[PDB]
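Student: Dock chain U with the ligands against chain L, hints included.
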Amino acid sequence: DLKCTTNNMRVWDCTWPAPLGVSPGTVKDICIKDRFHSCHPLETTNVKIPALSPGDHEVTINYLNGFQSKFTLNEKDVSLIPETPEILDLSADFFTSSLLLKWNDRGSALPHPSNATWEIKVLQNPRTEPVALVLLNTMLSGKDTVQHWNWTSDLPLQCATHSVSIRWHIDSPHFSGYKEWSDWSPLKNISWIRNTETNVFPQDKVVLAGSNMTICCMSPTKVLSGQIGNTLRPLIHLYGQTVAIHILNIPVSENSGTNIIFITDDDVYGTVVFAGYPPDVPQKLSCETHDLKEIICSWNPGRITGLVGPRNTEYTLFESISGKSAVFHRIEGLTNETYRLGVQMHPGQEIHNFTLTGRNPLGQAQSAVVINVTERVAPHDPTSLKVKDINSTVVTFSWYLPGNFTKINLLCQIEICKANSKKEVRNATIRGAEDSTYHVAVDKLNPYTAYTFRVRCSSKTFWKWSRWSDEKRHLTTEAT
Amino acid sequence: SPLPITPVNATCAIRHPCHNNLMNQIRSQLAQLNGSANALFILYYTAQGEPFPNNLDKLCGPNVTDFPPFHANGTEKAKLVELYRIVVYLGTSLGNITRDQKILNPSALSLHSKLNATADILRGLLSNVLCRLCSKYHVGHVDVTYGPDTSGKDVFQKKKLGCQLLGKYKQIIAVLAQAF
Ligand SMILES: *[C@@H]1O[C@H](CO)[C@@H](O[C@@H]2O[C@H](CO)[C@@H](O[C@@H]3O[C@H](CO)[C@@H](O)[C@H](O[C@H]4O[C@H](CO)[C@@H](O)[C@H](O)[C@@H]4O)[C@@H]3O)[C@H](O)[C@H]2NC(C)=O)[C@H](O)[C@H]1NC(C)=O
Ligand SMILES: *[C@@H]1O[C@H](CO[C@@H]2O[C@@H](C)[C@@H](O)[C@@H](O)[C@@H]2O)[C@@H](O[C@@H]2O[C@H](CO)[C@@H](O[C@@H]3O[C@H](CO)[C@@H](O)[C@H](O)[C@@H]3O)[C@H](O)[C@H]2NC(C)=O)[C@H](O)[C@H]1NC(C)=O
Ligand SMILES: *[C@@H]1O[C@H](CO[C@@H]2O[C@@H](C)[C@@H](O)[C@@H](O)[C@@H]2O)[C@@H](O[C@@H]2O[C@H](CO)[C@@H](O)[C@H](O)[C@H]2NC(C)=O)[C@H](O)[C@H]1NC(C)=O
Ligand SMILES: *[C@@H]1O[C@H](CO[C@@H]2O[C@@H](C)[C@@H](O)[C@@H](O)[C@@H]2O)[C@@H](O[C@@H]2O[C@H](CO)[C@@H](O)[C@H](O)[C@H]2NC(C)=O)[C@H](O)[C@H]1NC(C)=O
Ligand SMILES: *[C@@H]1O[C@H](CO[C@@H]2O[C@@H](C)[C@@H](O)[C@@H](O)[C@@H]2O)[C@@H](O[C@@H]2O[C@H](CO)[C@@H](O)[C@H](O)[C@H]2NC(C)=O)[C@H](O)[C@H]1NC(C)=O
Ligand SMILES: *[C@@H]1O[C@H](CO)[C@@H](O[C@@H]2O[C@H](CO)[C@@H](O)[C@H](O)[C@H]2NC(C)=O)[C@H](O)[C@H]1NC(C)=O
Ligand SMILES: *[C@@H]1O[C@H](CO)[C@@H](O[C@@H]2O[C@H](CO)[C@@H](O)[C@H](O)[C@H]2NC(C)=O)[C@H](O)[C@H]1NC(C)=O
Ligand SMILES: *[C@@H]1O[C@H](CO)[C@@H](O[C@@H]2O[C@H](CO)[C@@H](O)[C@H](O)[C@H]2NC(C)=O)[C@H](O)[C@H]1NC(C)=O
Ligand SMILES: *[C@@H]1O[C@H](CO)[C@@H](O)[C@H](O)[C@H]1NC(C)=O
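In order, the protein sequences belong to chains L and U.
Counted from 1, the first sequence has number 79 at position 30 by UniProt numbering; the numbering is strictly sequential.
Counted from 1, the second sequence has number 96 at position 74 by UniProt numbering; the numbering is strictly sequential.
Simulated from the structure, these hints should not be mistaken for laboratory data.
Beta carbons are placed, not taken as given, at the ideal position from N, Cα and C, and that holds for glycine.
One thing to keep in mind: the hints can contain errors.
To be verified - Straight-line C-alpha distance at most 25 Å; calculated DMTMM-like pairs for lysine to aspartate or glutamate: (1) L:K435 - L:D484; (2) U:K175 - L:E303; (3) L:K119 - L:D83; (4) U:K80 - L:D314; (5) U:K175 - L:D315.
Claimed, not checked - Between beta-carbon pairs, the in silico distance windows are: (6) L:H295 - U:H38: 55 to 61 Å; (7) L:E246 - U:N95: 34 to 40 Å; (8) L:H295 - U:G57: 42 to 48 Å; (9) L:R522 - U:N42: 51 to 57 Å; (10) U:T167 - L:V255: 32 to 38 Å; (11) U:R49 - L:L281: 46 to 52 Å; (12) L:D316 - U:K99: 34 to 40 Å.
Said to hold, decoys possible - These stretches of chain L come out as covered by chain U in the derived footprint (C-beta under 8 Å, 3 or more residues): (13) 245-254; (14) 380-388.
Chain L on its own, in the form it takes in the complex:
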């Protein structure tokens, strides 16, 4: 019969109507029997009391002259209308057209494990909001929490200023009365402080090929047309001749980027957007070595991402066990052709864990390979063949083959081609070394005849042959 309220679950704000028969503001005590015999003073018919023990209690109210009122009060008459929480800050990103909202969970003032829920609510300039969405939030007793909400602008890019709001509702399994909805926070306003001349948003953005993206236009002059690459779109008034269009679904711009332009009677305000494919899992990946100084990795780009320079993918090759690594970035666009990346290796080593990571401001892609270097030795082509006489029937055939080959040994071939005969091919092995000339004794020849030599090399563990040499071509020799 004595209707109550509370902001937190600590103190009851209880008011009763006066006992009719001219007794007005002649109020002395209001007494409660709970914990102890406590008695509170009065100025008028309502008062601020400490929340008591669940159950029924004798609440008597004394009036000055004679009377006194006898009131049965509980926990389940009381309603819990929480305080208005205030928005602490409203830092806003402009690059990404997005909002951050941070407030004080006054959890310091609300007892024990208690699930409480928030109706946040945004808005721009139209008669209603973009978003009004609700957060689950369980509350930690005692410790105030500093909880966030990271929302992002569906539509424009802050060219049109936003308001935000938040009401919260507490529950408690250790409270009994009508768990009630609080009320709306005093609204919070964020705004553009015009940075540049520019009047159309957003500039220079890169987006996923075929992306339902929205773009807007701050204008002085009633805007007549809005179009991406001659396909004008039906444009929609936002507020002050400042207007916006939807790019339905976007085809991947070329190198120069797709242009979206607006025209008013007077001037022309416009914007470039780049439409992209993230890089594709790089393809036919296989590394080898022609020298034993450095490893090289062949690979194919894949689907070409349609983008250029800064945006063109940046392939990075990473030897794990080494730590050593290198980088690829071509300004011109990529092909169906295959490119190679020139990584160093510390002497010998062997075990090799390769990670090729193509990055491009939209997504990542990565394939790996694992290589026993000394199993990939597939050397350059041998050069500068000199031939030196020993006897009539024998010659010293020698060349120079680039590469650290001191650990390994190579076996080479000698196409001793003589005139008008079958190709005599010889298979002899030699000990290799540091960027060095190699020497072969060649025998069982014919004195004074039309010889021609070819050399062709690989490691005795062999990956693949050298190319075929050049042409040595020499005669033989006599006695007298």
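Tutor: Then chain U with the ligands, alone, in the frame of chain L:
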């Protein structure tokens, strides 16, 4: 990389000396640029993507203001000094318009080739022009202004500003190369 380049600090003190004839070189050189012009402008706007060729006058309007004056008559000196500025002016900005296209349209070798030669020849006309503006004229140093693009910011604008500049160039060379 291909390097265009137009000198600002020109001086009868420091400049590169020249061959013979002079006037009839800068006549030839002048009206030569006039040739390329159209096609190089075509080429520019062409690859700036749609809808650039269909709004050719609203976007690539022969317009960019603050532009170095030219007067029709007056003594060789006037014509020559005046020209000199215009030259300084384009080649300054013209370099930039390239250093742009160098990363926006790095595929049209077709465009660079032009852009690049239209700088080379432009540089010549310069030394050749002052080379006369120094032999029986003695100004000492033509005082000058620098072209557009401090930033320019937006890709977009950088296209318009280049589409506009090229527009006037096209519009201006056609006078220049007739007058003297
Ligand atoms: C990269 O690959 C290379 C080339 O295969 C590899 O170097 C090779 O290592 C193996 C062992 O890992 C060597 O083979 C051995 O040679 C000697 C004989 O001189 C023996 O110790 C071994 O015999 C035993 O193991 C055999 C296994 O097949 C058995 O058949 C045999 O009964 C024995 O139990 C074995 O034959 C080989 O000599 C080298 N290759 C050369 C010539 O250098 C290397 O391990 C790989 N990368 C690295 C550096 O780990
Ligand atoms: C040209 O020389 C070759 C051999 O070349 C040999 O090796 C060089 C690197 C030099 O050090 C030379 O001094 C040396 O000759 C001659 O053919 C070779 O002849 C020798 C002598 O007969 C052979 O050695 C013989 O081996 C047999 C056993 O097989 C013994 O019974 C002998 O005692 C003798 O030592 C050698 O095997 C043979 N080499 C080949 C590839 O057949 C070649 O006769 C000579 N010709 C000319 C024009 O002088
Ligand atoms: C914490 O509370 C949520 C939601 O509480 C509701 O919102 C209040 C304002 C009021 O409407 C109450 O009646 C609701 O309980 C609980 O999630 C709900 O659970 C119910 C029942 O399963 C379900 O039908 C709803 O769809 C849920 N809504 C949401 C927002 O999730 C949630 O179970 C509570 N969490 C804990 C830890 O107890
Ligand atoms: C990409 O956008 C299309 C179209 O979006 C609709 O039209 C816009 C002007 C805007 O008002 C949006 O809110 C609209 O939804 C989406 O295609 C529509 O998808 C819905 C739900 O699947 C469907 O009911 C409609 O029939 C679709 N319209 C047409 C003509 O296809 C599409 O789903 C979006 N893609 C995504 C997932 O981003
Ligand atoms: C990329 O090329 C491959 C290989 O084809 C050859 O080499 C190319 C680099 C190119 O220069 C071609 O002219 C050469 O013919 C193409 O491989 C084909 O792939 C399709 C689909 O997987 C398959 O049906 C064919 O059999 C392949 N062709 C043959 C016979 O090798 C591939 O199509 C190219 N990829 C792209 C993205 O276009
Ligand atoms: C809200 O969250 C988003 C993404 O979770 C944040 O955007 C990221 O910001 C960092 C720092 O520069 C970068 O990794 C990217 O720019 C963003 N990543 C995403 C999500 O794409 C954003 O900063 C948050 N909002 C605020 C105001 O801090
Ligand atoms: C934040 O700005 C908004 C709007 O600019 C203010 O609330 C609106 O103010 C306009 C103009 O004063 C009124 O006509 C409307 O009644 C308000 N609109 C809404 C959505 O209620 C608000 O007063 C400002 N608040 C702060 C904290 O600065
Ligand atoms: C060429 O390769 C050889 C090894 O294949 C290098 O010689 C080795 O040097 C290291 C020093 O770290 C020693 O541990 C080894 O004992 C050496 N011997 C070999 C052959 O393994 C040589 O330094 C390499 N040359 C260069 C500098 O590339
Ligand atoms: C190679 O390194 C990668 C690191 O991502 C790891 O996944 C893998 O286990 C390693 N394997 C070998 C062969 O060392």
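Student: Against each hint, give a clear statement of whether it holds in the structure.
Tutor: Each hint, compared with the structure:
no., hint, result
1, L:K435 - L:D484, "holds, 16 Å"
2, U:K175 - L:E303, "holds, 20 Å"
3, L:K119 - L:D83, "holds, 16 Å"
4, U:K80 - L:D314, "holds, 10 Å"
5, U:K175 - L:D315, "holds, 22 Å"
6, L:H295 - U:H38: 55 to 61 Å, "holds, 57 Å"
7, L:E246 - U:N95: 34 to 40 Å, "holds, 38 Å"
8, L:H295 - U:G57: 42 to 48 Å, "holds, 45 Å"
9, L:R522 - U:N42: 51 to 57 Å, "holds, 56 Å"
10, U:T167 - L:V255: 32 to 38 Å, "holds, 36 Å"
11, U:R49 - L:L281: 46 to 52 Å, "holds, 47 Å"
12, L:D316 - U:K99: 34 to 40 Å, "holds, 39 Å"
13, 245-254, "holds (count 4)"
14, 380-388, "holds (count 3)"
Hint violations for this structure: none, all hints satisfied.
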